Amino acid sequence: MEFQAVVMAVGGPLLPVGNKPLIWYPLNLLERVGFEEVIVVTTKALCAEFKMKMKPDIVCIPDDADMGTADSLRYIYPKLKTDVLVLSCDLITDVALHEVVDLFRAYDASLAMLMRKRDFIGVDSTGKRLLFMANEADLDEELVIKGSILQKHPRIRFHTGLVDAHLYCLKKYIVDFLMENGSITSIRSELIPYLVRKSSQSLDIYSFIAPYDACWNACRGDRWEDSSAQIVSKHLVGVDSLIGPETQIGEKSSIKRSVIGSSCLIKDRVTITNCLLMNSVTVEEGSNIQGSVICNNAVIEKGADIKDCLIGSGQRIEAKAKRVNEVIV
Amino acid sequence: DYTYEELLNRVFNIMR
Amino acid sequence: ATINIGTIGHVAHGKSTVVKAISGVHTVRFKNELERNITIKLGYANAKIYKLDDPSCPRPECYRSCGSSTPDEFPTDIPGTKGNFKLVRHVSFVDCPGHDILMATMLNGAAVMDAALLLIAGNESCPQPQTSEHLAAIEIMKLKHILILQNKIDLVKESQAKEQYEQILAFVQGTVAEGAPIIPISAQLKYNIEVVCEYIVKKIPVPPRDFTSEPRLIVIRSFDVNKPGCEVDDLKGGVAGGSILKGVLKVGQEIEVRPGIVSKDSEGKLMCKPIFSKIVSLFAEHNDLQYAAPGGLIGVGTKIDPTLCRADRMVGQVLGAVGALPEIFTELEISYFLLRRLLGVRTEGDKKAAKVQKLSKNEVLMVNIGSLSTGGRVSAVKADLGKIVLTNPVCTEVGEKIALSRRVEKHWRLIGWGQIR
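Protein chains in written order, with the deposited numbering: chain F, 1 to 12, 26 to 56, 61 to 134, 155 to 235, 241 to 243, 260 to 267, 276 to 292, 342 to 444; chain M, 173 to 188; chain P, 40 to 460.
In short, the hints are calculated from the structure, not lab data.
Backbone N, C-alpha and C fix where the C-beta goes; we use that ideal spot for every residue, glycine too.
A portion of the hints provided could be inaccurate.
[Said to hold, decoys possible] Beta-carbon label-pair distances, calculated as ranges:
id, chain 1, residue 1, chain 2, residue 2, range
1, P, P365, M, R182, 53 to 61 Å
2, M, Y176, P, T386, 27 to 35 Å
3, M, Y176, P, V437, 37 to 45 Å
4, F, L27, P, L377, 26 to 34 Å
5, F, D161, P, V447, 34 to 42 Å
6, F, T163, P, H65, 52 to 60 Å
7, F, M1, P, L377, 41 to 49 Å
8, P, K391, M, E178, 38 to 46 Å
9, F, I432, P, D344, 48 to 56 Å
10, P, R416, F, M1, 53 to 61 Å
11, M, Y176, P, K391, 33 to 41 Å
12, F, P360, P, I367, 55 to 63 Å
13, F, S242, P, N123, 56 to 64 Å
14, P, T369, M, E178, 57 to 65 Å
[Said to hold, decoys possible] Calculated pairs, DSS-like style, for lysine-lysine (alpha carbon to alpha carbon, straight line, at most 27 Å):
id, chain 1, residue 1, chain 2, residue 2
15, P, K394, F, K437
16, F, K96, P, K394
17, F, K349, F, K33
[Claimed, not checked] Every beta carbon over 10 Å from chain P, so not counted as near; a handful from chain F, in silico:
id, residue
18, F3
19, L28
20, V30
21, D74
22, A82
23, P95
24, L108
25, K134
26, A171
27, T197
28, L204
29, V347
30, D383
31, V414
32, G418
33, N440
Okay, chain F solo, but in the shape it has when bound:
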């Protein structure tokens, strides 16, 4: 048996909706290979938009009001019996995911990580067996290596500048450790109980080599899709963009490094953007754009010149010769 997984809601997603919110491809390349009886923990208003998800499996699990991180696992505890995969939301996906789970099978281990595409993390010569990660401020103390763990393992390679993805190929031993030691928390920071060399059931502890997280994560939006579904007007000066169905397709515009959604009033004159706009965006009458992350329910016309000013929801503006300082929109 292997037949379950979970994704934690908050890191350590209500307002950010890129084309969709943070759930485009993780369910795709989680479910493009198997995984059709899954258990997702959720948290409210975001728990009831699950028809246009059109996933062949959705099982949501809510929680209490203001919770932490290990308590999620501790409350989904009474029904999970086998191999478990826990994800997070700080992820792009650009890799065939079968390799991390097959190496996690390949040592019969209990742990894993993702460290690929301030920051220090070590692993041996084969690239597989780790010690610990080092960060910018919790390690005000300098760096400590244990004696025997370097006496046996000859070298270690500290890595400099990749990103975490907070994957954990994982199994029942450490979740029993979490339910019995309940007060131990901080799943991102519970690395230190790893104990490669120093047990309630020989051990194997093991690893392998995204978004910017307050809520926005917008700058990584320039990403191809592995648009094509649009009412094709085929007359714009367009490159590196995307749009969905039932969208307004007018004329008189250039385009580069942009994004569009469904049901957005784009019919009158515009210029090039370098700026992403969600669904429900109304633009008209000759708009040159620069540096804007337009969320849902947007409207502007008659001389809008956006220059390095991202937006939000409830956009109410028509004319602003913009300076490059970003503002509330």
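Starting from the known structure of chain F, fit chains M and P onto it as the hints suggest.
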């Protein structure tokens, strides 16, 4: 008060 | 339980053995983290006071009146005499220390005490690092009986000795201290306790205190002894040494905390089902007086779920009587102002104290409502009106003790306050 002036008259004859 | 008296001391002079010298009972708990120089809990003692043609301030021990705050030099006074010690007022000392980490402790047990005594340290530098910080949170809760409890000149050198206390009293414009005169003490030498420890009780009368009003209790303790492998019949409620502010708490007295855990379809705030609570057991600091006088502390024993009282996650919950006068809305407004410095560390740069970061959008908030720090994400908040956004439907009475915390590091900061309409 008489206690600050009491200390400066009485107790600081042995104190630094 | 008539009058409380609160010593209030900021960073780095010592508040453990001086609490032992003049108050008697020192504060202790389990996994306590009790002090490093000054404490971080409410330093409370149990007192019964009597004066018998004697200026001294004795304890309920009725034989002598001294302390142990110095090893060498003992000036002492006329202590009193034996004979089944009497009771002038139901008084008891309490403490409120001055780090910035005890916002639960420093904000929950400060509006509920009655008299205040602000202390000046004697183990810090020539600049003043935290003198204008640790009664400025007590500024909005509006205590009245406030005094400068002048503390340390013992190891203090003469260049920084006799004039700089006036500069500290002028540097505390955010602290209500101009109506705080000086009755001095000594943290080491404890000289002449019969006048030094006299008018910290004798000059201080009853505060403006309501006798028979609603007990609108913000609670300070909820503790429990139910370790793995416990007894059988520990059915109790909040096992507390509980300072009350208003309302007489007799036997059979009624008191309600209306939200608790928020009701079904948790987007409303109230359903008409009051919370029935009959507090019989009340420990009057050495005795079981079931009839609790307002203002002073009494050892409170309620009757609720015992599971809910092990780890006190309920610092400052409003328990109010019948006649539910608190408000029902979830859009919290305040009439705030700002902290002018960004102080807590001493320097000569004026650079981290540049400005006051207001509310924003897509940006977090946290503020101790009483002593409850909730928050959430915001939508559109204006410039000079404080619209606190939250997630807890709570029928709290008046959040007139709030501290707008804000992250700059591992520790949060102090940037704001506010008075509820």
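To see whether the hints hold, each was checked on the structure:
1. P:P365 with M:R182: 53 to 61 Å: Roughly 56 Å apart at Cβ, these two residues keep to the hinted range, so it holds.
2. M:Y176 with P:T386: 27 to 35 Å: Taking Cβ atoms as reference, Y176 of chain M and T386 of chain P lie about 33 Å apart, which means the hint holds.
3. M:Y176 with P:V437: 37 to 45 Å: holds, 41 Å
4. F:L27 with P:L377: 26 to 34 Å: Given about 29 Å between the Cβ atoms, the range holds.
5. F:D161 with P:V447: 34 to 42 Å: Once the Cβ atoms are compared, 38 Å apart, the range 34 to 42 Å for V447 of chain P and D161 of chain F holds.
6. F:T163 with P:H65: 52 to 60 Å: For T163 of chain F and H65 of chain P the Cβ distance comes to about 58 Å; the hint holds.
7. F:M1 with P:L377: 41 to 49 Å: Once the Cβ atoms are compared, 59 Å apart, the range 41 to 49 Å for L377 of chain P and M1 of chain F is violated.
8. P:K391 with M:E178: 38 to 46 Å: Taking Cβ atoms as reference, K391 of chain P and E178 of chain M lie about 44 Å apart, which means the hint holds.
9. F:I432 with P:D344: 48 to 56 Å: Since the Cβ atoms of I432 of chain F and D344 of chain P sit about 53 Å apart, the hinted range of 48 to 56 Å holds.
10. P:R416 with F:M1: 53 to 61 Å: violated, 39 Å
11. M:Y176 with P:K391: 33 to 41 Å: holds, 37 Å
12. F:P360 with P:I367: 55 to 63 Å: 45 Å Cβ-Cβ, so the 55 to 63 Å window is violated.
13. F:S242 with P:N123: 56 to 64 Å: At 59 Å between Cβs, range holds.
14. P:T369 with M:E178: 57 to 65 Å: holds, 59 Å
15. P:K394 with F:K437: holds, 25 Å
16. F:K96 with P:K394: Given pair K96 of chain F, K394 of chain P is violated - Cα atoms ~52 Å apart, limit 27 Å.
17. F:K349 with F:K33: Holds, at roughly 24 Å.
18. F3: holds, 33 Å
19. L28: violated, 7 Å
20. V30: holds, 13 Å
21. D74: holds, 28 Å
22. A82: Since the minimum Cβ distance to chain P is about 6 Å, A82 of chain F lies within 10 Å and the statement is violated.
23. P95: Fine: 19 Å to the nearest Cβ keeps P95 of chain F off the interface.
24. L108: holds, 20 Å
25. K134: holds, 26 Å
26. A171: holds, 17 Å
27. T197: About 24 Å separates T197 of chain F from the closest Cβ of chain P, which puts it past 10 Å; holds.
28. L204: At about 26 Å from chain P, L204 of chain F clears the 10 Å cut-off, so the statement holds.
29. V347: holds, 35 Å
30. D383: Check passes; 28 Å lies beyond 10 Å.
31. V414: The claim holds: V414 of chain F sits with its nearest Cβ about 16 Å from chain P, beyond 10 Å.
32. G418: holds, 24 Å
33. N440: Nearest chain P Cβ is 14 Å from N440 of chain F, so the label holds.
Consistency note: the structure conflicts with the earlier hints numbered 7, 10, 12, 16, 19, 22.
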